[PDB]
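Complex shown without one protein chain; remaining protein chains in place.
Naming follows writing order (A, B, C, D and E), and every chain is counted from residue 1.
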Amino acid sequence: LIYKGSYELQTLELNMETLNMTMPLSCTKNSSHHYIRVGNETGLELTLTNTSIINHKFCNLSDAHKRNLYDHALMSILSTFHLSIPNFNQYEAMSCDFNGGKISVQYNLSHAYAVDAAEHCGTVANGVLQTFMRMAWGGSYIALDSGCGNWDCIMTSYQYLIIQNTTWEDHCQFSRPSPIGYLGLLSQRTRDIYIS
Amino acid sequence: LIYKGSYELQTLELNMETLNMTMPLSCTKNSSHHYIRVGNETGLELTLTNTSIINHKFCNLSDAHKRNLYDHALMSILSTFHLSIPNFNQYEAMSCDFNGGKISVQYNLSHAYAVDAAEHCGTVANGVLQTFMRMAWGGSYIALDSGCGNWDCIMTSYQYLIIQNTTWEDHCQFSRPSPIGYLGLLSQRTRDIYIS
Amino acid sequence: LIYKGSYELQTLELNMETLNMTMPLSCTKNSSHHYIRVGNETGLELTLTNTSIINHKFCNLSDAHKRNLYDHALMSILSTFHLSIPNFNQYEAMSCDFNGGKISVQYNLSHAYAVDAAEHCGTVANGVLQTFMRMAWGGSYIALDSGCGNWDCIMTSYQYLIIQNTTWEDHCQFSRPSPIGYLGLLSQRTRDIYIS
Amino acid sequence: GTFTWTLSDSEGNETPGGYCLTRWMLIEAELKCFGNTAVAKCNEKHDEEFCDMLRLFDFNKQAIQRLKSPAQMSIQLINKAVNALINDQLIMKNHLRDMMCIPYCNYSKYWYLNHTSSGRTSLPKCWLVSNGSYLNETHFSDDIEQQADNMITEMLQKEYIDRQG
Amino acid sequence: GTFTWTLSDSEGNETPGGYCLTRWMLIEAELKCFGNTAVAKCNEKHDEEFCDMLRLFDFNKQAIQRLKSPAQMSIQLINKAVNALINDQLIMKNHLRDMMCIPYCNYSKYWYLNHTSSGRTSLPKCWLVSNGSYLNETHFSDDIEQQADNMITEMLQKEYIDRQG
Partner (left out) sequence: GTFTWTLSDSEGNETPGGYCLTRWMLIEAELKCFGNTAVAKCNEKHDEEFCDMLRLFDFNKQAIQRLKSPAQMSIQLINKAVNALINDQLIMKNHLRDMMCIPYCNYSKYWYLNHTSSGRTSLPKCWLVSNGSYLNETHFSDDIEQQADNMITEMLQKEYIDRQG
């Protein structure tokens, strides 16, 4: 407790919720449910599941923009997420449907029967999980089957990552809110592409 | 004047024109006329007007490059400007015509009858003005109808932004020349795009 | 040797080869042969020659990705190299053929009869040499006909730059291995494009 | 005035010194005030997690008091402002440490030394986490001991020159 | 030699010290010379508007004396050189301050303190502007007073240790 003479060790813990009107805040409820607050009233829900909700592959992105019915904050976040997924060319893995400006995005990952493998390093499933790990950094560690991997060969038991617009309800029982995940993604984004 | 003891407050003002052979310099003549020196002899004129000069929408960019008749410094600046305009997908707003390598670029902004509104935040007109504000930073403040907005919902009375190649004639009666506008744009550029 | 009192000038030279398992290392054998180690066993050979090896222009990049038969480290390096070539739109200058995942890339430069000229500043040949100069920085200086140019108007006697996958054989007789060339390219990459 | 970091945008200070953290900045424990001597370290120190949080909090305050006019939804300001608010290098260091099972800062908890004989406090340092939890006080013992030495050293240097003339 | 900032590329200095600003760098007032002690602060200080202007001016000089051969139109060099010449973070801070009606630096005018008893001068600081004009000397009074204290402190510290042995 007391170091050297009379220097007492003291602590402080920060309340990052007061930053919700200027910055989005990520938090975790449990291993399959992660959230982003994007303002005082609303946010995004990120779910790791075994059930698809989108059964087509149109992903009507250009039409969402022409119609302009979506919330812009939510769209900026989705763009940041997507742009940062390294080496994503496999568009058949992504499906979205902005019906009425509603946001619903699904990433279908090839979480194959990798009982004992380190092959699934060069795949889409890894690229999507990497972005996820950063967005929910600090709570995302319980979402994976593995531990201290290099995040460049990580796997989970779940097959789909579904991102949807929600109403904020303070679902942060596992990890506290923090702006770091998003800010740390904005700073780099599109630095993993292949043209040669 | 004299602080504490004998410390006299002194000043210096910098002459940034001596930097014209290495860096472009932006300055302002009045609210509708802004300029960029791009070398010792030539530059660009940026005019905020109510009169269009281009009455078509071809914007023959790829042909300008195949022909290669344009000055490269001027083209690099135009590219930087354009690339930095956030969320620009609305190509019908832009028209250009590089006839003989001449540079003439027009941005047609939807400066609607926004007598009392804060709707024109998510529009093209705002995205173009934002880039403008930075390029002519330090003089651009008189170009707008509004004051300390967040530059993410600003409007002007003018409908077109026209950029043309000119001969440098020292048209800097409102604000002094400075390399900062351009350098401060080069440093960031393409950091506002939407794919999701 | 001894400065002021008893301060002796001492030196150290670093062995950067021990970094080969974490970072690629560039080195030079002679003026026409430059190498990149990309791991403990393999690397890339970069040759400046007067003989083409690819006599077509298909450059089957998208098929290389669909097949996924290539080494990923080698491909990441090729992407970085290519992306960093400024103003490259002249795709007819590039040809590649990833037969079986093998890497063979050829850049055909217009090294015209520039006996006495400073015209070849705005060309492809210069853009490709610029990237080359950085990748083999520290040894690349002997690859050029000219000296302290601004690397924005440099020429060589050679017409082709050929990049191929090799086996590492310690071909570093002219300049020592160093990670700097590559790291210094990763940091900037795609900062020279024209859209206007 | 005193600070050159983001706070300086509007002078700030809040009080004569210490750039006090209010009860809504902290989780419990009401208010905490530091000395200008420690807070001012953020004027020069770039790579420090505590200083970055102060920069973000002060930004949030300024962005609410001022410029509250743009439909009260300028949540996008940060997309550019961030370049001037935080050191993303720190974020990368913490991500790398996480990948390697190296204790890392998740930015929620900080520790500092408080000289009970004066009220002088150090700039807070991040309490690190590893394997889902916080590290024990027995870890960091070298860092805690060094901060205590640093505080002692500054007190002595100040008196050697400024107390004694 | 003395400086580590851009000037160091070719040693620079110009004179035995002070990295003198010539009559074409300034608007009126002929020449101004600073002390090495103040100029050298730019060796460590990254986020300072005055230091960035010095970096750009020295670059411009070097890019004219040397490497004048590329058709005398290497106006594009700066597109890459800028990364090594200025702190774009400062530019962002000044843009943010502008948006919020916070006085900001537009880089044209600087102030410094000149000790009339010695000729020792401080490193210049940016004179700020707000609402289309320059702020009055009554503003900044805290900053001017602090710079005067800082100059006093350095003079004293130098004598305490180096004058007295």
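Observations, loosely collected:
Please note the rule applied: a residue touches a chain if its C-beta (ideal position, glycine included) is under 8 Å from a C-beta of that chain, and two chains touch if they have at least 3 such contacts.
Here the missing chain is touched by one residue of C:39, C:101 or C:122, and it is C:39. From the options C:57, C:67 or C:72, the residue with contact to the unseen chain in the full assembly is C:72.
Even with one chain removed from view, chain A keeps its contact list with that chain: residues 118, 121, 148-150, 152-153, 188, 191-192. What chain D contributes to its contact with the hidden chain is residues 45-47, 88-89, 92-93, 96-97, 99-102, 142-143, 146, 156-157, 160. Touch with the hidden chain on the side of chain C covers residues 1, 3-16, 18-19, 21-24, 38-39, 72-73, 76, 134, 137-138, 141-142, 147-151, 176, 178-180, 183-184, 186-188.
Please note the rule applied: only the chains that are shown with their structure count from here on.
Chain centres were defined as the mean of their Cα atoms; on that basis the chain farthest from chain D turns out to be C. Measuring from the averaged C-alpha position of chain A to that of chain B gives a distance of 36 Å. The distance from the centre of chain D to the centre of chain E, with each centre set as the mean of the Cα atoms, comes to 28 Å.
Within chain A, the positions touching two or more other chains are listed as 72, 76.
Residue positions 74, 76-77, 79, 83, 88, 92, 99-101 of chain E each touch two or more of the other chains.
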